[PDB]
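Peer 1: Take a look at the letters that make up each chain.
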Amino acid sequence: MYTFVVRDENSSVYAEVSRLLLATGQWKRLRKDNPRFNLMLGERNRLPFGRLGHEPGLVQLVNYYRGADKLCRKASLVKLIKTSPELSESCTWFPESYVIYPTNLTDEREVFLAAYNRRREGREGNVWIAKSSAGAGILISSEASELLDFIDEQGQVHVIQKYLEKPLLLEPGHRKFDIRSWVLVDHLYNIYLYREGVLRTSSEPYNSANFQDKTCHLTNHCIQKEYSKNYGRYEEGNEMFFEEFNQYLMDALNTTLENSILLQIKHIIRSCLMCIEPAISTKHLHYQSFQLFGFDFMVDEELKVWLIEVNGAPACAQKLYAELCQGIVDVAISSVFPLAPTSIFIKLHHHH
Amino acid sequence: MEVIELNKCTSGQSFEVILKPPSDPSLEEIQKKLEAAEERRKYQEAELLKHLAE
Amino acid sequence: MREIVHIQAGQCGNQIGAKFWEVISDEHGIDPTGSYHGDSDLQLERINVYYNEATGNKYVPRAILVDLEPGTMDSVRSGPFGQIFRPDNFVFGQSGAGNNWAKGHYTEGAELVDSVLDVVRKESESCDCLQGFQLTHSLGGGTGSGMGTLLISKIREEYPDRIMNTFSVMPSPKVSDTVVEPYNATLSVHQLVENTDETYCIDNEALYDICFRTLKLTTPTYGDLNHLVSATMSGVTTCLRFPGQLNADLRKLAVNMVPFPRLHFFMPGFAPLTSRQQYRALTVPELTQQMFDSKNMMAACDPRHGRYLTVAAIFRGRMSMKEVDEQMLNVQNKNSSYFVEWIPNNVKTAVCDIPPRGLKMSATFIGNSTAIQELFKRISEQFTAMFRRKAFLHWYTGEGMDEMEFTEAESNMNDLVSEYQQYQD
Amino acid sequence: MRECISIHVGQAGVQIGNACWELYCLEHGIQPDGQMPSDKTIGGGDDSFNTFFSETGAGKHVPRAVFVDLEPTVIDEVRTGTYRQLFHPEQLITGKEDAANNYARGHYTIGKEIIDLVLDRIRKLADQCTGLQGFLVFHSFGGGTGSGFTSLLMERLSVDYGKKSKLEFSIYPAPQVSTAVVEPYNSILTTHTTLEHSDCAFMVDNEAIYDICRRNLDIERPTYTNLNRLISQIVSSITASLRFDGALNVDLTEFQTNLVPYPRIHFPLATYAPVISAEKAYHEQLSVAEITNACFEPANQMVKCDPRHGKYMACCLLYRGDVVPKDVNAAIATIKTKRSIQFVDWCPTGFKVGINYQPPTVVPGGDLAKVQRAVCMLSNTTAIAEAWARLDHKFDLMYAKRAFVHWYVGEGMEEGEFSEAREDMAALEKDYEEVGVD
Ligand SMILES: Nc1nc2c(ncn2[C@@H]2O[C@H](COP(=O)(O)OP(=O)(O)OP(=O)(O)O)[C@@H](O)[C@H]2O)c(=O)[nH]1
Ligand SMILES: Nc1ncnc2c1ncn2[C@@H]1O[C@H](COP(=O)(O)OP(=O)(O)CP(=O)(O)O)[C@@H](O)[C@H]1O
Ligand SMILES: Nc1nc2c(ncn2[C@@H]2O[C@H](COP(=O)(O)OP(=O)(O)O)[C@@H](O)[C@H]2O)c(=O)[nH]1
Ligand SMILES: CCNc1ccc(S(C)(=O)=O)cc1F
Ligand SMILES: CCNc1ccc(S(C)(=O)=O)cc1F
Ligand SMILES: [Ca+2]
Ligand SMILES: [Ca+2]
Ligand SMILES: [Ca+2]
Ligand SMILES: [Mg+2]
Ligand SMILES: [Mg+2]
Ligand SMILES: [Mg+2]
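Protein chains in written order, with the entry's author numbering: chain F, 1 to 105, 125 to 155, 159 to 362, 371 to 382; chain E, 6 to 28, 44 to 74; chain B, 1 to 42, 45 to 278, 281 to 360, 369 to 437; chain A, 1 to 438.
Just to be clear, a hint being listed does not mean it is correct.
[What the hints assert, rightly or not] Derived Cβ-Cβ restraints for the label pairs, each shown as a range: (1) F:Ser373 to A:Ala427: 45 to 53 Å; (2) B:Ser324 to F:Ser356: 25 to 33 Å; (3) A:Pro89 to E:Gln51: 24 to 32 Å; (4) A:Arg214 to E:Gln51: 43 to 51 Å; (5) E:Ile23 to F:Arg29: 51 to 59 Å.
[Unchecked claim] Using 27 Å as the maximum straight-line C-alpha spacing, the simulated DSSO-like pairs for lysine-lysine come out as follows: (6) A:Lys124 to F:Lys74; (7) F:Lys288 to F:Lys150; (8) A:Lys164 to F:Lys79.
It should be emphasised that the hints constitute simulated quantities derived from the structure, not laboratory data.
The C-beta atom is built at its ideal place from N, Cα and C for all residues, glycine as well.
Please model the complete structure; the sequences and the hints are all you need to start from.
Peer 2: This is how it looks when you write it as structure tokens:
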């Protein structure tokens, strides 16, 4: 009889995993403070990793990789890509970004301006976007003066990166979108890409001459369903799944989602996760880790994939909770605590 | 990767490698503690004996 | 040289005490005349804990036999190992206690207590470093219950910083001698709450049910119940009587078993309990499952009705200490809902190589469970059922007691129940 | 030559002392009777090994050690054991009854009655020293003597020897080899009162030693002898500089200078490699790069924790055996480009390296195999704060219910000393976080 504890009551993903675990009749849920557990569905912040793997005779597993925040933090991700030789500052799939500390607090204020002035002088598109991890607070603008002034009005670290002025627009609608990929890394550091992804599309026509209205530039499900008037017109909940999006790419662009986009996404996932493997691997550790990641991508009119950010506690598409959650139990939990296909994941092999 | 202060003798050697430059209670006071706790033990044992005498 | 002075009082106390010394004397190689005839040095290692060495290499138990009538102690002196006890350590009267706590505690018992203390003092004066005391007695009679608790109170007065341990037989209506047993048990329980560091609670009903249902004894006798108690006593004292990878005296055990001074009443048990299918080998999983089974415990309390504050387990015999840790950690990590989560690592395991006579291996269970409140609740209900009508009180008021003293004993034990109830949640 | 006096307190300290002084003798060629044929200066001399051994006129080499325990059964093994002849009776101090795993009992009740005797016996050893460096104190955290009496001794040693360095070898409590439940109380109580008196302390977590014995030595159920012979190898690696000719960590003061830039953060993490089973047919001898790389495997650390998520303040590499500097620098370079070694910005990123050509000595019939080279890495990492967090959490679970507190109050301790000691640990954890986390 395996035991587990739940320490994040706000997780829709692991609430389902917890629901499935109990369904097997072979897992027992303990009080969130009981240390004699096999599996911890830990909290989002300040998970006490230092207390895992010290219970005699208990093999303990946690659904978070200690140190993965370096990848899932806006500021940390920029620093990781620029300072990691595996990714280098010349990384071709990540937009030009700079860490900008508000003046009321290293910092890349000058470096950003030097690149900005270069674009302004070279008649090139000089539109950037500012954001931070303390957001629901985003600002898109072409003037460097406005971008920086917005960060000083705040008190948290921000990042300014190039705004993809040439996004791939779906037709009909002439509308923007981003791709969400769920990735599961198990205790052995196998990288599993969930076969099912989701496009979070904008239900408004993309307009490049007015960044004041952020409803056609931001494809977040909360903004489209709250500030957009054409929500749910072209697809239910502004969510297009791979089957539809792949058929579109064939009829419209005479290509497939695998060839034009998925190869780059798999490459980007592998590059990011392999880079931080030595820092977060639990191979020779007194406890074992796994974690589900939400990768967010952008596609431009050239069918080039761009990495936007990595979420360390992602939610799932309503229609995909059952399949993915069961997949988490199969490869991440039962692989360590076996019970008494055609996998839904795509294994991105690599050298350890 | 510099090596400094290399010292060699017949039974071994030692050195230093630099990869990157940088960026009480007195005797009396202890006695009071020991006697203080001793007094609290006596008080507790006196209350027990008072309890048993009752 | 951490000596223990053993005291047995009253009928129950002396008959169970007799069997105890019979059992361990056999385990240590001491014959009925006090001569050693073992074949292992582990038998004499900690032998001085319970025995005195006399002239001619004789070993005499450090035991004091107390009673208010001569009958039971005449049986001991005529029993199997009766000759092994010190003749001077027999302290008895002639009046009896009439199953009356007031007689053992205030009248008949008070007349004899000083002479008992003279023997206790004489045994203590010959101890290199007295660990403490252990008393065997029942709570439902008059001598072991009333005079026993009086003895404990006077021992505490004279040896305030020594550990006082008891094996206390709790009465049951199913195995009862007189109707006043709830009165005598309630009066003693308050004494024990104040003046003992550890009390092993032995319920005569649990002993009966084990003999009848598990051991398949059609008609259990007091002797059959005493076989279980003497066996249990040998199991819990194995930590002290033999050498091993444990340096534990009575005070160290108390420090790790008693988180709160009044909650020091333990549920004991052991395995195997086999009926005569008695030559089969018992695997470690079997030993561990049974040891934690309520049917193998002698307090007649279902542990699944409360929570364990602390648990100690002693395994005897040559076995897989690795497999022991696995099965022990399997019982906890499979029933952690019955262990308080605010005492880390509150289940401890000890191993002793020397098994009991006639067994390849065994396991002794010592639990400090809040389910023991069920035992005190039973006694309280029986007490109140009579006391509300003041039934049979004249036997006690006639010895100088007043009704107020019963009312307070009742309140004291109901408080003890309420104390267990708050730590169970 | 400057003398070092070793003090072994409680069961853990005494038994670890047995393993260490056995190993010391085998390393220096001293026989159980105290004789040392290689020592050509009879009854005198100021050699490096004389920091730990004095000499009688008859040529006996006597450890500069005191064994103290409140109960005699553990020290009585020394009195009749193999090395009974090394020590004289005045060096072995035993009381009548122990502290019963009760800090208050060892610190106050029993400690008050024997502390003056212990100081007198230590004073005797000090009187034989022409330039005493200080003391090495071995003890457990969980034992009532190891915790309670040690803290009292450390207080008095600071008074009677105000200018002397004091180092600790402390055994951190692990449930797999302990039947006690109150050890978190004793650990926090003794760390609070000892903190301002210890210049440098090496914690060894029994959980770590237990797992190394099961994993590397294939011991299904390790014993105290198995654990202590492994611990004494680490202790020897740490103290070899004081007993052999050298230029790194030559006196006790150098340990604080090289490992403790901040006084309260004086708990270096020890890592040792290689540990090879003697029962093995014949292990392939590991290289300098391989044993050095092993110093960054959590599995060979004396305290299980993740240094990848801390910051280093200092780092010593202590090699014994066939090791030359060329091979150390080559291995270190390869580890910088592969590992996550984050130093604090106010500390240089570097290593102090010591090499002793005599490879590790192995007790005949022991569990450890003879190796041609071994290394012990001493690094002051904020990651070791995980051990304080673990221990502090167990303290909080019990203290919230006041479980077992009456045993301590009953020995004359005030309950306020509990919360006072806990608040000091809360500040110790805050100090670690201020240095390590951004
Ligand atoms: N590594 C190691 N740990 C030990 C040894 N002996 C005891 N311990 C540990 O020390 C703790 C128990 O404290 P002890 O040192 O035995 O007790 P003490 O210092 O003698 O104090 P008392 O309570 O008076 O007996 C437990 O955590 C044991 O695991 C030993 O020989 N080696
Ligand atoms: N450089 C860039 N170019 C174009 N669009 C961008 C962009 N950076 C962000 N966006 C837009 O912002 C949205 C994602 O914002 P971001 O992910 O940075 O904030 P967030 O983390 O609060 C949303 P989530 O974490 O749920 O994906 C995308 O829909 C994308 O269209
Ligand atoms: N287990 C056991 N219980 C006994 C024995 N003799 C009496 N009792 C129980 O003890 C209580 C009577 O006390 P008893 O010892 O006979 O009275 P005392 O001699 O005045 O102390 C009743 O609850 C009996 O069931 C015995 O030999 N074994
Ligand atoms: C005939 C059976 N006897 C017996 C059994 C078990 C034990 S025990 C509690 O395991 O010590 C002692 C015994 F004497
Ligand atoms: C030569 C004797 N060596 C030795 C003796 C005892 C111990 S003990 C059991 O751990 O106290 C360890 C030892 F290494
Ligand atoms: Ca009379
Ligand atoms: Ca000499
Ligand atoms: Ca000092
Ligand atoms: Mg985000
Ligand atoms: Mg009777
Ligand atoms: Mg001890």
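Peer 1: Hints first: check each against the structure and report whether it holds.
Peer 2: Structure-based check of all given hints:
| no. | hint | verdict |
| --- | --- | --- |
| 1 | F:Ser373 to A:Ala427: 45 to 53 Å | holds (51 Å) |
| 2 | B:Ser324 to F:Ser356: 25 to 33 Å | holds (29 Å) |
| 3 | A:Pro89 to E:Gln51: 24 to 32 Å | holds (29 Å) |
| 4 | A:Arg214 to E:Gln51: 43 to 51 Å | holds (47 Å) |
| 5 | E:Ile23 to F:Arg29: 51 to 59 Å | holds (53 Å) |
| 6 | A:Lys124 to F:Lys74 | violated (65 Å) |
| 7 | F:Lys288 to F:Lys150 | holds (26 Å) |
| 8 | A:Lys164 to F:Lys79 | violated (47 Å) |
In summary, the structure is inconsistent with hints 6 and 8 from the numbered list given earlier, while agreeing with the others.
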